[PDB]
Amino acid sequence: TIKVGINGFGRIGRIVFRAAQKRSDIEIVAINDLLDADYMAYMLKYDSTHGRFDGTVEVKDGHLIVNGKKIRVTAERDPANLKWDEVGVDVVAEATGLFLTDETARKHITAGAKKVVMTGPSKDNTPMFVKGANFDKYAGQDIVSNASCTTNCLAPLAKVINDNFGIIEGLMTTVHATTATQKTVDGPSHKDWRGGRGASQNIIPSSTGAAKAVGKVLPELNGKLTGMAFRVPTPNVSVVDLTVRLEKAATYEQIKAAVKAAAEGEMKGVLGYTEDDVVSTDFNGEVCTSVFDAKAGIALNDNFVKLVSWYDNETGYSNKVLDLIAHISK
């Protein structure tokens, strides 16, 4: 089993923890964040969005005993003072959103661990690997990024579509659920004015690097797609609205079949497929990072279509982070 340590017990940090519980190939051994041990236990036991932790969790000696296994708990504002080696940590799930560059994240290896998986997109040249898009391109790097929730949703779908009919050009919009980055009421956001407005009262036009980021994980699409977002008043689960221009004519039935095939083979577990009358809450807890909504999309013609794909921006992404930890441990 790969020994994992989590840095930053935010939403991603905690769901990565929860999802890791059902996997045998991995084990969380330590958690670092500026939070008491008993506070961490509370944030783990109860989840407004995901329900009560399915298992046992207790505080003993300022550390955690989750599901009977001991979890080293620390609190270092600095990543180099983490003695990961002491707890025998192989990979570190960098989930604080603070150390998204080789320079900063390297300190984990400096601090005693082998590899670092950033739970966010790289701020520098650190490679981004997205399951179902380019895991096969992993070249043994020791510091990697798993991109963002949105890219993990769009990347797989874009690959299928591009690979089967060829994407000439595409523009996407993601109707994204509220995040911890937003505000309850009109607050301060110096680098993003719209982003500061009351989250629950508005449809907030936002930006996203996903589309372009996809051009990096699937270079063949570099410069081919771009997009934006719309933050809406929901606690979790978002949807990508991909409008593309196809090279090869393809009926909607042909696109539904190409996607369903991937969802059932090469991309099983990453890409999902559905023909049901689903809504966002029907995916809260969804592990597939991209679930194609057959009935939701619309084709104007065989070369201009609109595709719709769901994703639990929390559970899906978090599970894949663990898929990447396993992959680079292969």
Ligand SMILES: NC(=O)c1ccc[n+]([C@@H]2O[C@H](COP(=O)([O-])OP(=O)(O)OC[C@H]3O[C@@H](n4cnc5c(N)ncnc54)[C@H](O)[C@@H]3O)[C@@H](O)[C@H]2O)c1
Given for the second form:
There are 2 protein chains.
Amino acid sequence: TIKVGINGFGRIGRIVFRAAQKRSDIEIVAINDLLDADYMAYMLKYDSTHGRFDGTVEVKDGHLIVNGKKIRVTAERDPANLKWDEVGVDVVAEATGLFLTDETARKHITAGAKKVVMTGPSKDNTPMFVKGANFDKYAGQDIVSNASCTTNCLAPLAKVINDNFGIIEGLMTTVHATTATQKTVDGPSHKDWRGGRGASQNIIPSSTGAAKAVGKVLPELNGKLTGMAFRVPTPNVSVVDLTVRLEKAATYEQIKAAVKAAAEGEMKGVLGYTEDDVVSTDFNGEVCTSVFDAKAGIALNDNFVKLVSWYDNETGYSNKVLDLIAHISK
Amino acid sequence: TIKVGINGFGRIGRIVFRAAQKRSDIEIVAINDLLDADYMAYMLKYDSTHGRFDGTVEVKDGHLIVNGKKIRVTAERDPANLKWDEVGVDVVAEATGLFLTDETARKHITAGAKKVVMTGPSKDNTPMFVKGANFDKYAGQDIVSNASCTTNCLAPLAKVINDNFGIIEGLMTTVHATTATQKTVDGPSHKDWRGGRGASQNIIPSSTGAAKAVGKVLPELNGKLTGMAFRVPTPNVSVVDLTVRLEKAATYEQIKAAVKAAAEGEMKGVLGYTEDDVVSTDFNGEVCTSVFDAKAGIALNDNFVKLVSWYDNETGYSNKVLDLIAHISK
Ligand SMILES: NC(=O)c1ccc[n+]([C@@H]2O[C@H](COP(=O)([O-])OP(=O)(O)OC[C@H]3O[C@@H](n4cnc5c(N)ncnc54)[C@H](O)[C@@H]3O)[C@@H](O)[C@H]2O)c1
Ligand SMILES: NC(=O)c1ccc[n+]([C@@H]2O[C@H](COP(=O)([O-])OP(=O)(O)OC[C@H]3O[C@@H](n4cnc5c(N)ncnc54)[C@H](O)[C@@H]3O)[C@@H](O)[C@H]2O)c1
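With the form solved without the named molecule done, generate the form deposited with the named molecule bound in the same format.
Okay, now the whole complex, with that chain kicking things off.
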């Protein structure tokens, strides 16, 4: 199997670990953060969002013992000091959010790993890969990114709408749930003033280049999309609101048939389709990175439409990151 | 196999149905509320608090088919028009919060049912039974009550404490989750001015009879306890705060030992014991009606202490309701 090492036992680092348990190809051998193996264990055991860990976790000699398997624990602030090779790591999952450039994330390879997958969009030219978008373009690069959560939701959809009706232009808006970067009450966020204001108290307009990034994963769409976001008071799962102009006219019943078909075939396991009266909680724990909501979307006419799709920014993305690791190996 | 009908397909009505699916002695044969079989099916398929129904459900002829079995659907507002006997209903789970007196609840007997179990404390002399307190005092009555979610938490604990060191007097406080009786924004609640205030915006002081009621199911304690509640912005899982004076002096480590023993034996399944740094969400879906939080409790001296216990006001209570049903059914 593929020996995976995690750096940053955060929301993504933890959920990636949880979901990694229901996989036969990958296996977590080591974890790094800045905590004691007893706190790390408490963090894995209880989750306010996805409930109690489904298995056993014990602390022993400063390391974890999850499901009877020893997980090496470290608390090194610098990635270059991780000696991942002492534990046989193949690919490293960069979930800290501090190492999204090649020079930063490469410390993992010089530390003994083989490849690295950033759990966020790269900040330099490091290639981004999206399941159902361009996984087929991976060219053996040793450091890759899995784009963002919003992109993993918008790319698979735009792709289907473009392949059937051709997208002239599109403007996206994602209503996102709160994340670890926000504040409980109005506090400092000097890189983004709006993002520091009380999360649970407001609807916070926010920026995102997830729409622009779709043109980089699907070049055909390059430059045709852009958008923004609204951070709202929910602990998880968000939804994208894409308004596009189409080349080849089509009725909603027709747009519906297109998505459902992809959802049933090529985009199976990535793009989903539903006609139910769902709400955000119905997706807490969802593995499909994009679930089309037939009943929520709306069209002004056969060439101007607003489509809506759901994504559990935590589980969907975390599962795809693992897919990318399996993809780039061997 | 006990056949049961549910009156009021609400939060408790619905969780009871879900809990019953894992039991082989109980069988839900009919359901009544004030809605269509298709809305009923939606209410059951999707739950914001406990996830998507874990099984199959379909609508047919105007009734539902859940897990290969057919459930009769009615929308009768007057319980006496239910003809429970047409489907062979043994016991009915009164879950509307509207028929909590023998008079109103007896209509279910008039309608064909042989026994009734109100999911709320009786409004009259109707006998209340609480698992871990007075189940063994059931004397064949046809109409009983499972008390409240709060009394089902306090009674089991108050008994281990009484039996071990004797309780002279106690005052209780329950930090309770929001319920269907509350409102989204400041609205009319003619019978509880505070309860009508925006649930999500306030810490709402509320009165309880759960404390006194403990003396009714544990006569020894009669008159020695009383209390109040605080309604806070959470969707589920509450906790009781018991401050008591003890006859026999006991260290906190003595008290814990007693609880842990009753929990690991005599009260196993009703009262639980933990020493972890738990929070409310860690109990969403908990079956034990009272989980003692060792680490949260505080003692002023060997005769004056504050004890803490957690309870999923939805899942534990709904499970014990099925317990009482199984109990009175012999
Ligand atoms: N939150 C989401 O829903 C979501 C979805 C997709 C992608 N992402 C991306 O994934 C990354 C993970 O975000 P997250 O939500 O888990 O955040 P998080 O803050 O919950 O987790 C990050 C973890 O990094 C640890 N850490 C900090 N400095 C470290 C260091 N020097 N060495 C090792 N560990 C260190 C922190 O203690 C923390 O546990 C971010 O870059 C984010 O942009 C987040
Ligand atoms: N909410 C809790 O956590 C909790 C815990 C223990 C006990 N209880 C008790 O259980 C009862 C259930 O409360 P709940 O939270 O499920 O409330 P709820 O409002 O969610 O459920 C009540 C259901 O009754 C239906 N109903 C109304 N009038 C009816 C009629 N004439 N005939 C049939 N159905 C009718 C409503 O449409 C609704 O679905 C209450 O009496 C409450 O005191 C509630």
